Amino acid sequence: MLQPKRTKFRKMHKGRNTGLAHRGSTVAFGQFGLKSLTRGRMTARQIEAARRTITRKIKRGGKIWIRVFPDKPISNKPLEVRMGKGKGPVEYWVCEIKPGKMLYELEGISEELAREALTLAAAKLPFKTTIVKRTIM
Amino acid sequence: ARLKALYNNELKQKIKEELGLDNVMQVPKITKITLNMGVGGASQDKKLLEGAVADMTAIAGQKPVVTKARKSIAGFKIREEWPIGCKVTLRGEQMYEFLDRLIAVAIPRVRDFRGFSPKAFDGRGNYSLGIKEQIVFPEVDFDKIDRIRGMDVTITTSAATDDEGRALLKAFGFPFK
Amino acid sequence: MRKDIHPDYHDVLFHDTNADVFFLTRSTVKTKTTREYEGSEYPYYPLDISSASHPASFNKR
Amino acid sequence: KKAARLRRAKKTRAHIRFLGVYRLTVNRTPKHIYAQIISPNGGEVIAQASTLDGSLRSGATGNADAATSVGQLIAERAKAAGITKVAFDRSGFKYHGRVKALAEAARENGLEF
Amino acid sequence: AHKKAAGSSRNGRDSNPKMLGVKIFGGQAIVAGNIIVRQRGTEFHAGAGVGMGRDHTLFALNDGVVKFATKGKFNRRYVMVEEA
Amino acid sequence: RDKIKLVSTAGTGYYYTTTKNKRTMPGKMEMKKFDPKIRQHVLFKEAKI
RNA sequence: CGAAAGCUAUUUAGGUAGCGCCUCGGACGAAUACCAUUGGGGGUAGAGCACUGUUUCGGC
RNA sequence: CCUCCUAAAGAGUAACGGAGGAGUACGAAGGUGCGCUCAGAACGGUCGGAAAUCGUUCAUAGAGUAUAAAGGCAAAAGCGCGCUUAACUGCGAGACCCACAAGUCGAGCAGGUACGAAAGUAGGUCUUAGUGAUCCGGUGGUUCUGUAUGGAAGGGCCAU
RNA sequence: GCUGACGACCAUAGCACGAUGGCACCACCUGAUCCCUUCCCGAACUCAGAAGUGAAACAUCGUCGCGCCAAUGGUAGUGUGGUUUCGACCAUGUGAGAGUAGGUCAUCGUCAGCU
RNA sequence: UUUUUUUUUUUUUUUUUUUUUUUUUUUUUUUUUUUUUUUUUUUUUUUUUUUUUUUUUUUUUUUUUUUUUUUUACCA
RNA sequence: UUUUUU
RNA sequence: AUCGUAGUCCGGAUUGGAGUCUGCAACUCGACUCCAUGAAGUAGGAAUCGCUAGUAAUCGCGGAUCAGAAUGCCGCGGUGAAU
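Residue numbers (the authors' numbering), protein chains in the order written: chain Lg, 1 to 137; chain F7, 2 to 178; chain fJ, 1 to 55, 71 to 76; chain Nc, 4 to 116; chain VH, 2 to 85; chain bk, 2 to 50.
Wrong hints could be hidden among the right ones.
Claimed, not checked - Under 10 Å between C-beta atoms, here's a sample of chain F7 residues computed to sit facing chain fJ:
no., residue
1, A6
2, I60
3, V67
4, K69
5, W83
6, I104
No lab work stands behind these hints, which were simulated from the structure alone.
Just so it is clear, CB atoms sit at the ideal spot from N, CA and C, and this is done for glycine as well.
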């Protein structure tokens, strides 16, 4: 369950997820990556589930990199609470994902098994995903 | 000062020949000598500082100045602008006379004095030595004394290099090793 | 040198009596006696030591 | 140190330039002393007098008397260059000694500041 | 209110506006006394022809045309009043 | 800080008014203020407001 | 001919008042609007890590 | 009431929106002239260390700024010393802001000064918070009025 | 040709490294009687001077190691009109930042002095 | 929930003003006693709930959480 | 005045 | 005669060095000697002990055990109280 360490502000404005991922759109650490084709919020629970799936499939023989970190606190109002009376409490942490973003990379393992590990991880994620190899340019 | 008149005639040329310097403005010289006394336990009694100032006055032959706390530290129980030390700076004739006196009379009076460390230069030709008992200076008398105090003697020289600084110090007769 | 704020500073004839070597040097000391050097009579200060005087078993038994 | 001297000259230089008056800038060295009158723009010298002048070049320059002669001479040059009211610029030197002597000679020989 | 979530965090304060900023822009005619910049600190510095008040207000010392320029060794923004 | 009058010593009845910490300044203050009734700077002495 | 449902204040909040917006009369007459060319200041969208933080991997 | 954000690069702009402060302080912590430069790190040095004071070398500020924050700050607006009372009186061209009532900045002019050798600078403080109308009553002044007249009372005007 | 004073400009002007400069100038430098300095100190400030040296500083010259500047093209954004599956797209007008190629060891003005 | 009250030695209670930790009961060792009580001598003993924060220094000043008490949680 | 127990 | 109230010319533990004896053998683990060091200790809380006269208090001297190894034990005399 990733989460920032001490932060500067408890709560944040909603914001707008718009545009393409021109940064973080390249397999830069491993040889092999799972890239997002759609935009959304990558919850820390989803990050942890797709990391546990990948690790269980690669079996301490390869290396995994996570390029998404949940640094955006998301608040929620509790049930039976009227509108107003301040902003709700923080309940979970998301990362804003744009189309093109790497989410995980794998290195040091067979291409077939890395493909199926990333395919298993994509099933836990709220994104249409594609699987990409690391290129030179 | 006899040591200044000796350095201007013999020691300067000897140092030049020793270090192999091609210009007379390259040979080192002592610029100043600073005597310090950390009396950090003051600002609670402020009589220890009186005695330290008197001892510095008698030792150096020059009225010293009380040095305040530049910052506030709780561990030492000191607040800003609190008098926590004493210092005097000697230049020219006064420093040459003081250093001649220190080398001749006072430095043999250090109890169990084998020598002074040659690696005590800061790395730019300046030397610093500690005197654990201020009674090695004959100016202070054993009859009237507050307590046993110590003192830093920092010799700030014009040398830019460790070896030049120690060659200049040793040309005066400094007890090294 | 600011006027009349510094201690008395006068020439003193330190003398290491062990090697009998003199050191003429201005100092703040006030000696009780005064001994004449080649010049005038300076306040004389005797010195016990100065820079001139300071510096198998089985087989035997 | 020239850096420190120019650091302590800058306040006066900028205030004189705000006032927008002709300024009498001095500059002394352990050998010579110079004085020149700068326009309010700041980049035109319209009168000068130093100890490099042939009248006092071969003489005991680097003196209060040489500063007095230089002040007396720049007062005359400013007088016959149209300048009567200046603002004195000690250039970070203490207003004392050679600089004071030059300023008093200039002030007594026609320039009024 | 089932999950004990909604609670006290009291911050509904804010000061009144101060109406700062550039009043007369570059190239405009200006008469002496007209305020050019209201600012906090010297975001702009007074060059020739403009003075500065105790609250760092820049105002015209004389009639002319307002000029903005970056100048000096600190790359400071300067406002001038040129006699145009 | 308590309020106090500084009253002119010229007998014009003119005063200035100011505040004072009467634990750090426990004695009557006296400054040289301009008196507009005599058009002169005179000594204004502290008084009870 | 032709609004407003705004701002400010209010024992005010569905009332009222000044200002804004409507109308009529008078004064003034291009001082107004649009566009072209042109003089300005900016810290937004975007972007970025130089500061304040935050973050992953490797070396150390 | 002040600072930041919301606030969409002029201003302004709401919510029981997200974050913090104020209801003071100071006769020097004001004016002026003069002078100075910080924090940290490393090295050397009696007690004395991670850190006191001393010396050296790097060091646009990573400090300080009476205080919250922002914006500023080397001509320092930061830090010392001498002398001082401009934390003056009468005002004020002209502007900002603004429903009004208010609020803000201000060169210049007259008088009296303080500092400076002088040109000069000074109408409080780096700025933006530290505040409360009118009525009523008190006080220090004032020839303005003064119910037949002279006074007085009371009222007005200026300050508080 | 060089030096100094004051400016324009404020990194393509800076930093770093190396070389050259002492006839003028500048800088160290000598001394501390006098003027004036030090909460102590002739360190700095100041004065009176030329025995020495260009060591340091400074000035100039050299370079691309760092800094700094920096296209073209593309991309992002964006005003207006239209469409839209609300991601965006089309027409038109604008057009970054980052990065790349590349550039840079400044350029000028007034005055004085030595040559 | 909300508003107040607070949380400190073994326990139960005192502080506090930014410059420090307290009685009492214990507990440990002595001593009196045939031996235990009682009693008398000695001692030891505090992340001052935690966590950010301010300050040179905080148990103390701010903020959060967490136990504790209370007091409220109403109209259809 | 205040001596509990085994 | 000196010290003149001091942690000292008091106190003599502990430690460093060098030795002598006894003994096959002195490291664990002997006793003395010499030189150097010079620790606590300035009269001792609650409490508690012995002593009624040659006693207490104090001062030395012997012996048993024993190759060596008493501040213990067993004795001896000297001075000598207070109540």
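Hints and how they fare:
| no. | hint | result |
| --- | --- | --- |
| 1 | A6 | violated (12 Å) |
| 2 | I60 | holds (8 Å) |
| 3 | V67 | violated (14 Å) |
| 4 | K69 | violated (20 Å) |
| 5 | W83 | violated (24 Å) |
| 6 | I104 | holds (6 Å) |
In terms of the numbered hints stated before, the structure departs from hints 1, 3, 4, 5, listed from lowest to highest.
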